[PDB]
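Next comes just one chain, in structure tokens: the form solved without the named molecule.
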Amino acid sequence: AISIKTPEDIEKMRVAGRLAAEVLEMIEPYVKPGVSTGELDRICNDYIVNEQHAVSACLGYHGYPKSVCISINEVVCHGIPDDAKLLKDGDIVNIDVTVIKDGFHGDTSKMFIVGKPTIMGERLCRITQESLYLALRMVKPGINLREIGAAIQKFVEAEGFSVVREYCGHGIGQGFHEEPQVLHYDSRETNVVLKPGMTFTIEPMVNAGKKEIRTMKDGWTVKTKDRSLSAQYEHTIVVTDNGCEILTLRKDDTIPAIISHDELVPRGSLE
């Protein structure tokens, strides 16, 4: 029930994913102490609309009140931009952007560390991206989604962090949320063999502390039950013939848009 994208479909997500990454590349310079998250949200939206002539898939979604999600520190996800929420020195902040372009979505997010980073702030951010890269490196047809969550978890835990279990990455495309569910941890429940053309997200949410979270009153914002810091990075990718292509790659990523596996690349018949 997982949709297989069409070359044309794919070019579209590429455009979409590219637009999503640019929002993140653009926001960067405004992410600094004293900046309110409402303003960041503003910039983002203005950007999506006016310059990219696209639309935030988040804006008003099922009621969601802001253009992008800006989760600070113990906020795991769905953090709601608010003009009263100023960024502080040492904060860690996720900005989650989802853009719709020509009917296709581009979904990604990254962590920003404001001012002087904190030991743990820095480490979790690093570790979290790594868990994302790590999964990225394994994306390839024939692999089971389950081996990936497994890998993420293993890594994360070995690094002394936790993986939130309640929220996942997912198929995406014409629809914001599509199958499959992309768990960032092990699950006997998980059974998804990757096929080329599949487009989905990977967006491991990592707690410096315990994995338990708490959903807030507002119905959106998620936080760590123990109040430890939480970090997330996400990429939207397409499964290729031999690996994956990262649709939301940013200048600052240090992973290649295109990941291929030797064993899968085209080769002579006897090679």
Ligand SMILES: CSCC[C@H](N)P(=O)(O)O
Second form
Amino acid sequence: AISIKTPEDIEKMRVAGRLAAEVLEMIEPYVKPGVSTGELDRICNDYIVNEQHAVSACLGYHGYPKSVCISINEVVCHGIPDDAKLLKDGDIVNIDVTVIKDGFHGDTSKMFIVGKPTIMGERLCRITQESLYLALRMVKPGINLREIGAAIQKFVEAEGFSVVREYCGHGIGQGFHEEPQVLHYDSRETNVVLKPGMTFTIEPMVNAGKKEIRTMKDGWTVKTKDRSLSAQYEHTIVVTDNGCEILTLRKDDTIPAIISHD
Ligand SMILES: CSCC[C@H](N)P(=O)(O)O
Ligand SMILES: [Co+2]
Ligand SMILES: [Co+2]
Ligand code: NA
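Could you switch over to the form deposited with the named molecule bound, since the one displayed so far is the form solved without the named molecule?
What follows is the whole complex; the chain from before opens it.
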């Protein structure tokens, strides 16, 4: 079932959350044309282990071979870092990090634009982030998760894009992927009322083209069926008494860390 975090649990999540956020802040300068994704993965891993004294939740999870997930352009999610995959001007890339500290998980991701952005690329990233922010602003006790997925969907579709159905947000804590499943679209199947102390991620994947996706033979990599660009952003949050707190907020986020309702 859905686990409710204690205040002590929450304090541990703030640390793990901030650690994950920090890897993203740190890597930025390395994201440039000509760098390989395998190299970004090594830099991230070194930092996590050697400086942070933490651990990557990804390494070995169901056999996942690397420390972070790096998805370029049409890759939806779960792209596997590789020494052979070099970044080019105009690429949009997602770096998804999940760190474990004192047994608690922190899961977050953001898009990076390599070199000179393309119009589509910039637009897609922006809209994707806005859709995540919109959802964040709605979080509060008593509301049904269904409403959030529906708002994201309506927003995204209104902008001419599509939302991926298959992958979604999830509870997180001592476990990497806990209940509940956080859908990024409107579904009659969803019936979950939020309560304070719940911790979960929101991580909408938006496609410039059609919603359909396909899983690669590697068993992890996900791509759009039509090869259109896909973007994603992710934050880990905790439901509070009058709103929410964003555990993985970064210096470049433009949303406040604590959102209060009244
Ligand atoms: C190789 S497991 C990686 C899982 C991602 N952090 P997420 O739970 O955001 O999809
Ligand atoms: Co993630
Ligand atoms: Co996640
Ligand atoms: Na992508």
